[PDB]
Amino acid sequence: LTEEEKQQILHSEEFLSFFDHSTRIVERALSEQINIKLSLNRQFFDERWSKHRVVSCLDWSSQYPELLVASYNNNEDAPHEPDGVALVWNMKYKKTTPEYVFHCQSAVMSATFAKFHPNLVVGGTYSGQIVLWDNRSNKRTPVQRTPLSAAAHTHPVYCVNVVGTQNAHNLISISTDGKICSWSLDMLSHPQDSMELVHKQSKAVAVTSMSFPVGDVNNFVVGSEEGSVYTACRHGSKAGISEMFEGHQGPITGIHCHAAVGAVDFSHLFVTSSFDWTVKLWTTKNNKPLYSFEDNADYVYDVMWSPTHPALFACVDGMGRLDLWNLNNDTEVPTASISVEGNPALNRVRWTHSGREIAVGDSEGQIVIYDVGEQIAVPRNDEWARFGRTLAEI
Amino acid sequence: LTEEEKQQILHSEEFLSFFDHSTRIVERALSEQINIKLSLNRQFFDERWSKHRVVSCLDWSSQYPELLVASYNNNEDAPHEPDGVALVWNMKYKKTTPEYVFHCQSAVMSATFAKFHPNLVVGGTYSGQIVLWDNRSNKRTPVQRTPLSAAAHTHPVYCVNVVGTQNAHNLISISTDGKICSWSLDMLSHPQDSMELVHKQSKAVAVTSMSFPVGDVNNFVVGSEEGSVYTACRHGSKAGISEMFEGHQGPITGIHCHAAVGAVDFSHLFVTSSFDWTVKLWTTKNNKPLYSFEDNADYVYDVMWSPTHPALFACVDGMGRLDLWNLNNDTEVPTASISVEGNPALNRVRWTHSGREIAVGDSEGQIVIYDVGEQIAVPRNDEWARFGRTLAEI
Amino acid sequence: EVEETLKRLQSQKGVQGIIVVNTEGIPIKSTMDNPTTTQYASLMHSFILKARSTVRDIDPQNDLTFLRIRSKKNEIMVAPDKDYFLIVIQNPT
Amino acid sequence: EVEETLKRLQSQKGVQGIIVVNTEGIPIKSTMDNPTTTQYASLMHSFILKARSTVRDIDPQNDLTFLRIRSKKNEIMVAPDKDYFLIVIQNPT
Amino acid sequence: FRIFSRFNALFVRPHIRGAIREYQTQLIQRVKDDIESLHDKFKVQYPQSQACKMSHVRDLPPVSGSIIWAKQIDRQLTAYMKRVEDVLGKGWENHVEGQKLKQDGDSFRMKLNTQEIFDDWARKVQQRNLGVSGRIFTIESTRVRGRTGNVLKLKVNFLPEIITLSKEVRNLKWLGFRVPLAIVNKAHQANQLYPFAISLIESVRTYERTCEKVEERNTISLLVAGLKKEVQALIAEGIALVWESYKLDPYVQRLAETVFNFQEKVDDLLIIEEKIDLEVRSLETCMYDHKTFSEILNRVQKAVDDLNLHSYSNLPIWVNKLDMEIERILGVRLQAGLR
Amino acid sequence: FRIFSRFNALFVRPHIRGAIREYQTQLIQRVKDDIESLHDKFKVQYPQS
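Chains as they are written, first to last, in the deposited numbering: chain D, 182 to 217, 264 to 621; chain C, 182 to 217, 264 to 621; chain G, 3 to 95; chain H, 3 to 95; chain B, 582 to 920; chain A, 582 to 630.
Please keep in mind that the hints were generated in silico from the structure rather than gathered at the bench. Hints may contain errors.
[What the hints assert, rightly or not] Below, simulated DSSO-like cross-link-like pairs (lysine-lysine); rule was C-alpha separation at most 30 Å, straight line:
#1 B:652 <-> D:427
#2 C:430 <-> C:515
#3 C:319 <-> G:74
#4 G:9 <-> G:74
#5 B:681 <-> B:671
#6 G:84 <-> D:321
[Said to hold, decoys possible] With beta-carbon atoms standing in for the labels, derived distance ranges:
#7 C:323 <-> G:16: 35 to 41 Å
#8 B:692 <-> D:413: 56 to 62 Å
#9 B:615 <-> H:93: 54 to 60 Å
[What the hints assert, rightly or not] Take a look, some chain H residues computed to stay more than 10 Å from chain D by CB distance:
#10 24
#11 37
#12 62
#13 63
Quick reminder that beta carbons are idealized off the backbone N, C-alpha and C, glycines included.
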């Protein structure tokens, strides 16, 4: 009768593949196969990693369009417990439990998947230290960490992304100070590129969020907490701010370029969600906003296009309501709307890849995903033509 | 016990419990989840049997799509060395040597796989004897050999093919003199049927290629050495040539009916490959060559329809360029076109029955297995309609 | 209807109709190669019987109808009623 | 980790009892008592060794990575890879 | 108002204007009710609204956050006023309802002033007199709970909150509020100097953590003593410096790289150390055989050689003590075997 | 051949005809000595082609 060999083999941690397959399979075992317009689909609220915790960012994995990453700042509930909380959440089979967890010693501000590698997850923190994490390996610590140096990011980083293809990739990050930095996925300890974005008279731009024209690398677009939107080329013949936009009165919070691609070219359309309920749509060739979204006041955070429909997008209000806003059918009234129960301060919204459903973050951490009407999800050539003519409206 | 009481117990009517059991287990087991361009594909070049000895014909085994018959004909280096050699080369595993080797007394001028016998290779030689090769036997010598009598072929036979159902076969072969003959695959001692192809009274046909349209076995198309393609009826009151085609002012070097099915029929179409770089997209119902792809200084040697794409077809050349013509995509420039190294006069093309990969002949014996791009190989469901429209263009 | 059962079963992925094995290890229904399926069903019958003994050791009131032998190649669904033991080969995908 | 593993594997359904077994049968851990855990897990280990032999019969390269039996009274779980043998006591539903 | 924005083409012709003045009173009352709702929302003070904590998540310093929130509320109120002015036509104030509404809006806007908080914050900044000038970092005395002695813990003379002030200015400057030139200078200097300070503080914290980890395992400090000496020398060189200088960047950079190299070599030495210790413990109970003993010793010697090729410090005495322990355990094992 | 075959019925226009082949007569020279390169094959190949 063994008494220590079992105890020591339990103490010895060779359970990596053990725990991996056990977790990936037991939630599968949760299935009950016993032989004897908007609509909520799946409400996810982790009790252990999201009690009174604010959603910081959201992302859907293009490589695996069932895998989501969500962030969190430090938890005011308990400082001693881990502060930077990162959750990887799944859509294989229903389960209250998150599929993966991740911790960072610093509060996590933004996160995303890597396009170069379909398993790595990269996230910017509050200390301005980019954090790498390996999904397949079972660990809590960051796998890699960019140095905290004058050359590297030092102010809190709020947007990070991967550009290029899977053999021409490049990880671009923005610090709110105005630093752009380009890293590689194979090494996360030295900036391959880095420069301090400057608009004029050498003053920097307090960048809050950034996006890029779909299907294109370089020639980036950034939003500033000063309330001004800029277009700045990454390398070109000259890096730095290329164009300053008349912009919105308050801070520009959620910026996104158009993404749907079809019979027409609309990759120059920008949606910006400022701090005045104002979801502004414009085009890069015109300095003035093309339209204004106004139904209330006070802070719609983020706006995001639907990758499949060309004239349809989402924007979530801090008042606690998500309205799906269409352009081809309407210009003043949301074609769809819903409110998360409890009326919570909904922070972030993310269209899932291929669309057909949406993900929403919350101040409480209860992220909710749910689909859209079929009659509203799917576009058609009519949608593109009428969208072109509605742009021609003014 | 034995297999009779089981029948009655099945006929017994206590199966309601068993039926409910099966229904429950099947309906519960229904849900399923997971647990967690032109390219040189390969080479095939013997050295013992492939010193010079240009390629003559190629084929893929329908039953074993991993097998390719070669037929290396000319002996000029050493009269003492074997005169005609046939090589069969496998696809599943890469080897520097053919899987089996066959040597025929004469020079083998065409070859193919037998359908009924999946263990047999039959070829026509220059002398005029149809020659067997049973791969069961360990003798490189031909197993069964047709006589060189007036009844059988007495001229260089260049076209052999076994067709019919698995229970109704006929090894057809037509020689340069033009005498068609069918044999039973198992009995080649005597020509079970023969008839000398003749055009308008007292006009023999210097036949040099044939192709049976897919499905049909009674009527087919033949390409003469005199540039004039004909259509003949294998069996019937009108048995023999039934059409006179203007064709091209050069000898025909290849012919092939259409090789696709599933949508609106195209079997009336067939491409010929002439001797002045003039491949002729063209149909039986009409009499004028529908179109006349031309370019180059040299001239084609073989052309084959894609087994899966109802537009694509290959095209050899004497300068060593192989070009795939995708008619729907374009009708003037080769959709794909690359030259094998060393600019040797390629002499044969045989698409794999899968249609995903192409072979090519060679003037020195190095058979090259080319792969093709996915977008350039697989047609779409819309592809057939586009082909119909393009044909309707003129 | 036996034929209705066969057509319903063959609709499942990687399943060739319905094959039923009695308590003798010989499949009352024939759908695959006889020797391989017979020996396979015999080993099936043996280990399901020892599983029945194993469960009755501590569960003298339970009955066996569900078992998921899944590998990285295929899963075999084995379901005994009292004499007819359905064996179903299905792809894990 | 140890305690977190069992805690999370258990509260997912309010599982009656699971103990971590990294050895070939005969576990000294317990969740509701020593006997019903140890002897039953040893019986499971003996049975799954035979099941592994069974899956290796059709082809020796096959190995069993996942096993469940859902009967009228219990649902038994084990996912062996090299020594990691699971036990789950749970309602049939 | 969307409904009217649909139709504006003969508002010049005063035939439709009769309808708009017919519902004019209902329009005015409903707008007043909406403004009342907005004012009620405003009455929820900024710290009591989730907008404050969220803007904190949004890197908005709370004073700047409240100021900008109030300014946006004012902007929305002005939007209501002008949009009513446009729809109803010129001079809606002339109506008793119009003048009452305009008085209500002006009073609300007066309650919605913003400069006073700006003034108070500036005064508080000036009174508190934030600064960074001084020593590169400060050494202080703290009696950490757990030990009787007074721990001279090493800190950095840099308040992490100073950058917050910078951000406030970096916001308030573009908000149109002008801040005193001394405050601009202090904030600018703090902003430009922040990266050096944060690199320094992270480096020193990492060094403290790794050194306490080392001394947690006394068996290894003797080897790492050289790296500790060079780090202490670098700190000694740095500390004499005043807070602002021109060697700050090179010194900070070399300190950071040295600390990082120190920490990584520390962890490598640590892991190889428990490897060797575990193998020694196994040798303690290893069964009596020349082959197994030889293999254990071979692996230990290979690990020692691996340390040697890394060119660490202080190897010989460490090897000597290890060999002494090995021979003592060997003597015990030989005793057992002999008896 | 194809690139001007796109015109075919275009250059019947009074101005297109002047727009074609007056500017390109030199490239007609160029295709001529392309023909020269063509006969190059014919020049020395007869029995060893």
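Which hints, by number, does the structure contradict? 6 and 10
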